[PDB]
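In C-alpha cells, one chain follows: the form deposited in one PDB entry.
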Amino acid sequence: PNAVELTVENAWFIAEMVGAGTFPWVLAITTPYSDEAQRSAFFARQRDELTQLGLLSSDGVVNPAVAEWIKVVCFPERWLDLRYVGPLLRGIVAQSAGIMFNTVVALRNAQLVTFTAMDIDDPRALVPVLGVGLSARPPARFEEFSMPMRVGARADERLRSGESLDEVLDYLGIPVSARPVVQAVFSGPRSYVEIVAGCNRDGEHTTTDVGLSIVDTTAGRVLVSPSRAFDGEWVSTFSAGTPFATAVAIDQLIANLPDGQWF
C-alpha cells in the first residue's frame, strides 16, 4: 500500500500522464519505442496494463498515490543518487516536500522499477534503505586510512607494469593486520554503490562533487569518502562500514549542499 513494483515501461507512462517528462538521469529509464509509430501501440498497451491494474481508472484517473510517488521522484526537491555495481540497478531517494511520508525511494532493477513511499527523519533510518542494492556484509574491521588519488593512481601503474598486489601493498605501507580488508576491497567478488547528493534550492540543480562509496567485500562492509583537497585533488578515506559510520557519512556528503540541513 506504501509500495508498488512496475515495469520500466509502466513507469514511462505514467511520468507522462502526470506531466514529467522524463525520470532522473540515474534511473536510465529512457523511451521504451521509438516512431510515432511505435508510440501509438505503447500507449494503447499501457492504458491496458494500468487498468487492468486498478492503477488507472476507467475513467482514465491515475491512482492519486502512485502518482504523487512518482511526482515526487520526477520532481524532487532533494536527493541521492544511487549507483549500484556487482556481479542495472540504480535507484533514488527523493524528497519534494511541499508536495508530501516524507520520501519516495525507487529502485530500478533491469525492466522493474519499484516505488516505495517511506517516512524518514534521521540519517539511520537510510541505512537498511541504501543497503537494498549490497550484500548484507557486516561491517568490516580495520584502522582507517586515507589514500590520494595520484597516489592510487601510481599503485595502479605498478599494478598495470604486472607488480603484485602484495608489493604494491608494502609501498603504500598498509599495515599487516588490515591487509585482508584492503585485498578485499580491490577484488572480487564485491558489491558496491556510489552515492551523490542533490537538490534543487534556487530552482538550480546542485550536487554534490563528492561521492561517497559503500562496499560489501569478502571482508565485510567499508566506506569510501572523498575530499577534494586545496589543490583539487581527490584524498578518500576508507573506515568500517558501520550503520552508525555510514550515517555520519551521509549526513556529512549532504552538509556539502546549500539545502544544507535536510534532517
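Think of the rigid core as the biggest set of C-alphas that the two forms share within 1.5 Å after superposition. Positions refer to the first chain, counted from 1. First, how it differs from the form deposited in another entry.
No residue of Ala117, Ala125, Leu165, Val132 other than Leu165 has its CA displaced by 2 Å or more between the two forms when the core is superposed. Once both forms are overlaid on the rigid core, the distance between the two CA positions of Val196 between the two forms is under 2 angstroms.
Core-aligned CA deviation for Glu233 between the two forms: 2 Å or greater. Superposition of the core reveals a Cα shift of 2 Å or more for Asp35 between the two forms.
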Contents of the next structure:
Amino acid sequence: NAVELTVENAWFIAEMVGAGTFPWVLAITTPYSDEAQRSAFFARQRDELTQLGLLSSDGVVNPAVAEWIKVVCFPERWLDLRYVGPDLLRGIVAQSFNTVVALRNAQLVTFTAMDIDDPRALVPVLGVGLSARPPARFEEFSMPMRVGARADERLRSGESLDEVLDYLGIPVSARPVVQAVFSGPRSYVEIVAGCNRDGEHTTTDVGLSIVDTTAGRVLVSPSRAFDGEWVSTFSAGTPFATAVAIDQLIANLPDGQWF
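Beyond the form deposited in one PDB entry, can we have the form deposited in another entry?
Just the single chain follows, nothing else.
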C-alpha cells in the first residue's frame, strides 16, 4: 500500500494538488529552470503519471495520493530521517490520527501510510535504511554530548581511533562495539523531531540515533542533565528502549509526546 515515483513525478503532484513544497530533507526542487520550459514538462509528467494510473483521468489525481502528499508538505508533527551506510537514504515521517512515511533514495521517492497505534510501531520505519542487526550486548554508559562531538572532530582529523576512546568516562565492556562502529560495515541514522505549532519550523536541538554494527544494534539516546547540558546514553538497541527514547526526545517540543 504505497506509491513509488521520481522527483519530477513527485514535485508535479504537489503543484496540481496545491500542497505546496516538500520538506527539504527530500530535496525535491523544481525540474525546469525557465518558465518557457514549463509548457513541455507539464505534459511529460501528466503523460507519465497516467501510465502509472495514479493520475487516471485528464488531471484528477488519486485522492489516496493527494492525501499522502499533502500530509508530507503540511505536517503538524514529523520526524526527519537521514540514513547512512555503504549510500545515503533520507526521508520524513509526517503526521497530521494517520501518518505517511516519505523516503527518498538516489532519485526515487516512496510514499506510504502507516499506523501510530503504539509508539513501538515506529521501530521498523526508523530501521528500514539500516542493516537490520540484532540488539548488541554491552555495559551501558553515558557521555556529555557537548564533549562527544569534539571527539569525532578528532577522529575525522587523522587521530588514532583507539587512544581517544581510551580517555573518556568509557568502560571496557563497550570498547569492542564502539570500535566496530568506526568501521566499514556500519549503518546509522539521525532522528530529528519537529512540529509546526502556530509559529514556524521548529526542530529539536539534539537528535536520536540508532546504529547497526557488526556487534549489534546500538541506541544513542540524549537527555538534558542537571546543569542544562546534553548527556547521551549508549545502551542496547532494544525495540522497546528506542520507542521510550523518541518520546523522551519529542517531549522537548512544546506540543509534547505523541502519546
